[PDB]
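For reference, the chains in residue letters:
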Amino acid sequence: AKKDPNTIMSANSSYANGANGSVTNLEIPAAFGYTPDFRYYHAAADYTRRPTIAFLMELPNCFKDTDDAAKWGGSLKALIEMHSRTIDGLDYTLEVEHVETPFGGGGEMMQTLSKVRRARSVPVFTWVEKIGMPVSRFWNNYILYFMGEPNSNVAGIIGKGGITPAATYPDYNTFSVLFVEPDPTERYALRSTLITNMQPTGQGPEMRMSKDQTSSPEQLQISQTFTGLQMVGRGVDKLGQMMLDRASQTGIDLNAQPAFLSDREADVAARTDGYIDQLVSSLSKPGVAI
Amino acid sequence: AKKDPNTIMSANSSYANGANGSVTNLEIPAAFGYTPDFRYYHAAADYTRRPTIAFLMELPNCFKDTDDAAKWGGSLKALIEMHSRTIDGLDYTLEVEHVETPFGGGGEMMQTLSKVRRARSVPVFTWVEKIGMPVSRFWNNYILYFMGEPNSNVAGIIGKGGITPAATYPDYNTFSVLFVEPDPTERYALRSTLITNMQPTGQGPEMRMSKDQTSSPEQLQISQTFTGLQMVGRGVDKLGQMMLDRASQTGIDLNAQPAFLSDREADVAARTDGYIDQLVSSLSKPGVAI
Amino acid sequence: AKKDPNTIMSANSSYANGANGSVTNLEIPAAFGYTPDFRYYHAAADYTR
Amino acid sequence: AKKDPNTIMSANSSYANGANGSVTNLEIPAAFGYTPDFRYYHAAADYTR
Amino acid sequence: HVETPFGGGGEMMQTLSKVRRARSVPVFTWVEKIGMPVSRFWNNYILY
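Chains as they are written, first to last, in the deposited numbering: chain L, 2 to 291; chain G, 2 to 291; chain B, 2 to 50; chain A, 2 to 50; chain H, 99 to 146.
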């Protein structure tokens with residue numbers, strides 16, 4: 002119940018600027034020197050990765066030209082944030098390059114800095130399909146009516162009148178999402194990324210049919226890849242922290258949630274052939290005495 | 002037994018236009034957010050995939066020049082609809098392609114929409130041979146007479162004098178089929194495809210022979226690949242639903258069906274050597290009384 | 002199996018004078034306009050030498 | 002989905018006289034100077050033949 | 099068959115060209131007996 006006061010950085014400074022939570026001090030004695038020290042074991046706790054959260058920032062402008070923008074917007078929001086079974090393809094690792102010249106004839110070489118780069122994010126989503134199969138319809142109709150159509154290569158929305166001449170710009174049929182890596186307590190942001198220019202790319206939903214009556218019916222799983230143009234910095238970290246602050250937990254107790262069934266339905270009460278029924282209206286009790 | 006009123010979309014609109022059955026409302030909270038809520042578990046039921054039904058729509062015109070068009074046209078319908086052990090190769094997945102140009106020298110890029118295309122169906126049927134080899138004979142004679150003949154590359158039906166010109170058009174020796182992927186109750190159609198221009202292509206039936214008297218005799222399976230042009234959309238779904246409204250299940254009950262034998266056959270009744278015979282004729286019948 | 006009655010030239014006149022067999026009608030829609038139509042694909046059958 | 006109001010020419014004039022649609026301003030900062038700017042990426046869309 | 103695109107969406111049109119038939123390459127198998135009458139038979143057949 003005690004640890005050294007220098008275990009946690011007093012202030013988030015220098016290379017820890019912009020950090021949201023508590024950052025361990027690297028100047029505390031470590032285990033891999035001469036010998037491990039038990040006095041500083043509180044500072045040896047590890048870091049474990051937690052699932053990422055998708056926050057939707059922008060809706061496409063094409064939704065306003067349909068019959069119900071509320072439906073399209075809400076469906077996209079739920080699919081991005083709540084139906085996301087998995088995510089993958091996010092990466093902004095750095096990469097350094099050097100130029101090399103021999104240092105004498107003996108075999109040594111002299112290395113000089115050349116360039117620095119950054120990896121690219123390729124958002125990938127996975128969904129599990131449901132009764133009435135709404136997800137495949139959502140994405141197929143999105144592509145067909147807001148992007149090209151295979152037979153003619155023209156969006157099906159333009160079959161209406163009055164679509165603006167500026168339909169070809171990305172804002173018409175693209176959106177933006179924010180990815181955040183929270184802490185174990187879900188109170189601070191450790192990593193954030195802001196990707197835009199997002200619309201379906203590559204293969205669409207898997208639409209296939211076949212007949213085999215002896216084979217057990219199976220379960221479909223949608224997977225889609227997206228375009229992206231990502232940004233990272235400290236402003237994105239602040240944006241992620243604000244988004245995380247909007248999601249408060251005070252007062253929540255999953256143990257004390259009210260049961261989703263308050264009491265048995267009326268049909269059960271009428272059958273009068275249960276455990277309580279025998280006591281209520283079968284046995285006599287003249288009483289007990291001594 | 003009480004789901005929320007908003008689990009099922011009240012009406013099919015937006016991306017659900019033309020849907021036949023009941024489509025789940027996709028703005029109900031899902032289980033992959035902060036926590037799942039047990040009050041919305043009826044909405045977690047998963048889509049499960051059922052076998053495809055094939056309907057014959059057109060017959061080749063060459064059946065007319067034959068001595069019996071009825072038998073050809075009945076055999077083709079039965080083979081397509083009833084004897085089809087397995088079907089595969091039906092696919093109309095989409096595909097989107099983009100073009101790129103770097104957004105600076107860091108590594109990022111800007112992707113611009115280029116084109117959208119659709120997949121192609123390659124129907125494959127599979128059958129099991131029967132006594133007399135009717136399937137292999139049907140298909141071999143179809144190819145030989147209504148299609149090229151290997152030693153002359155001429156249809157064998159032309160040996161009759163009077164065959165009309167315009168025998169090179171597909172309507173002479175091609176047919177059409179409609180495929181439907183229904184729901185668990187088999188009342189509403191979820192996916193459909195209307196392929197035409199269908200006729201055998203590539204390898205025909207098996208046709209090998211061999212001698213081995215020490216081996217166990219084996220069966221014969223027929224695999225046939227076809228050609229075709231397919232259409233997809235909403236009109237095809239309406240056509241499929243019109244087809245599936247027929248073949249209604251009202252009235253039938255497999256459990257209550259009559260047995261395929263009503264009573265023992267006469268020769269059995271003449272032997273007089275069974276269970277009932279002992280009671281009826283052998284045992285003494287004095288009567289029991291007290 | 003049915004097709005458009007205008008699929009085949011009926012007279013073999015103009016540039017089809019002297020033809021022996023049947024000739025397709027060039028005035029029925031082809032696939033390389035705005036979009037193809039599946040109602041007229043019978044005229045998309047091709048030549049083979 | 003919001004983009005810079007100055008992304009498109011207000012009037013097709015100068016070298017854009019007679020243009021038949023929307024034309025990029027060619028005045029928004031490009032991506033090949035000191036750095037690319039993400040506030041002006043809507044104008045980085047490319048013509049496609 | 100031959101093939102030609104039916105529009106630019108990806109669908110294609112297929113037409114008949116030719117029909118061909120397979121070819122037989124018979125193979126027999128025997129088991130040798132005392133003496134070697136089978137080998138002698140075939141070798142002398144070929145040689146003479």
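Check before you lean on any hint, since a few could be wrong.
Here are the computed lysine to any residue pairs in the SDA-like style, where the Cα-Cα straight-line distance is at most 20 Å [stated by the list, open to error]:
1. A:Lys4 x L:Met232
2. A:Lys3 x L:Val237
3. G:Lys239 x L:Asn142
4. L:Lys72 x G:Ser15
5. A:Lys3 x L:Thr67
6. B:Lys3 x G:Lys4
7. A:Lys3 x L:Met232
8. L:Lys65 x G:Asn13
9. H:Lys116 x G:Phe104
10. G:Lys4 x L:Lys65
11. L:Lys212 x G:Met58
12. A:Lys4 x G:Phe104
FYI, nobody ran anything at the bench for these hints, they're computed from the structure.
Right, here's what the structure says about each hint:
1. A:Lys4 x L:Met232: holds, 17 Å
2. A:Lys3 x L:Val237: holds, 19 Å
3. G:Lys239 x L:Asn142: Roughly 17 Å separates the two Cα atoms, so the pair holds.
4. L:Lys72 x G:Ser15: It holds: about 8 Å lies between the C-alpha atoms, which stays within 20 Å.
5. A:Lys3 x L:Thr67: holds, 18 Å
6. B:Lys3 x G:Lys4: violated, 51 Å
7. A:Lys3 x L:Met232: Distance of about 17 Å is within 20 Å: holds.
8. L:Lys65 x G:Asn13: holds, 19 Å
9. H:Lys116 x G:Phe104: violated, 53 Å
10. G:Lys4 x L:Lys65: Violated: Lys4 of chain G and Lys65 of chain L sit about 32 Å apart, past 20 Å.
11. L:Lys212 x G:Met58: The given pair, whose Cα atoms are some 18 Å apart, holds under the 20 Å limit.
12. A:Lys4 x G:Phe104: Cα-Cα ~17 Å, so holds.
Checked against the numbered hints listed earlier, the structure breaks hints 6, 9, 10; every other hint is satisfied.
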